Amino acid sequence: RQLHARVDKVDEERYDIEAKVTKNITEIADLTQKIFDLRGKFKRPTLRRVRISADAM
Amino acid sequence: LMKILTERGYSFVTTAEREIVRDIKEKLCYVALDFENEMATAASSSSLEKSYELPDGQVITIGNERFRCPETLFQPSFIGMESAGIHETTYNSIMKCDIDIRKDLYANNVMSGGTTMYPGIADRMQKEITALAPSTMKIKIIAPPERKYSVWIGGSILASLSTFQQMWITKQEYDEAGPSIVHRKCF
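Chains as they are written, first to last, in PDB author numbering: chain b, 98 to 154; chain G, 189 to 375.
If you're looking for bench data, these hints aren't it; they were derived computationally from the structure. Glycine included, each C-beta is placed from N, C-alpha and C at the ideal position. Treat each hint with caution, since some may be false.
Claimed, not checked - Take a look, some chain G residues computed to stay more than 10 Å from chain b by CB distance:
1. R206
2. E237
3. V247
4. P264
5. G268
6. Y306
7. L349
Said to hold, decoys possible - Distance condition first, Cα-Cα at most 25 Å in a straight line; then the derived SDA-like pairs of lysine to any residue:
8. b:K138 x G:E316
9. b:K138 x G:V298
10. G:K326 x G:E316
11. b:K138 x G:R290
12. b:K138 x G:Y337
13. G:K336 x b:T143
14. b:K140 x G:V339
15. G:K328 x b:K131
16. b:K140 x G:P333
17. b:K131 x G:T351
18. G:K336 x b:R148
19. b:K138 x G:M299
20. G:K215 x b:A151
21. b:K140 x G:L349
22. b:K138 x G:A295
23. b:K138 x G:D292
Could you build the full structure based on these sequences and the hints that come with them?
Here it is as structure tokens:
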């Protein structure tokens with residue numbers, strides 16, 4: 098029964114570390130999302146194939 | 189310019205002639221930083237004249253008309269329009285915005301399209317707006333070499349952004365709604 102209480106509380110605790118790393122991952126997602134914004138400001142203008150049909154004809 | 193060249197003795201009325209006057213403007217005209225001082229010498233000497241080749245071997249020589257035409261940008265009354273000019277429009281677009289917006293708009297006046305290639309235009313516009321603007325504030329013009337074409341480039345940039353692939357009217361939504369849909373979907 099000590100084990101039953103242990104598994105109750107430790108199930109709780111592993112679910113809790115679950116939610117904690119879940120918040121870590123959610124904030125990785127959101128902060129890295131605003132960081133996608135930050136670095137996109139810098140890198141999007143070149144995601145393009147340019148100066149191909151300029152001369153070939 | 190067709191009317192001012194008529195004053196100089198060269199009549200341009202037919203399509204071929206109208207296309208030439210447009211071509212003359214593109215190769216010979218400028219706005220000038222200071223219109224009155226530029227006209228003071230352009231109106232007094234051949235040293236500020238330029239000859240244009242008409243496609244028959246004849247030439248037309250143009251003097252202060254070279255800038256009096258583009259000057260309409262600063263003086264629209266030249267064509268019968270009631271307006272104080274392009275620097276007034278720039279100024280009022282900044283002035284009618286909130287004061288915490290204005291500082292960023294004063295520092296970012298953007299030239300795009302044609303006419304932005306005229307000698308004296310980027311410097312003249314910055315001078316004309318700073319003259320209307322409050323002191324202390326920095327008034328600045330953005331005028332890249334991608335002149336007359338930067339808007340096309342902007343088209344290319346927007347059309348290819350990932351942020352824009354949800355902005356398209358599809359050929360489903362269009363077929364169901366008809367063309368009035370563009371008013372809801374684009375902007």
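Q: List in ascending order the numbers of the hints, as given earlier, that are violated by the structure.
A: 7, 8 and 15
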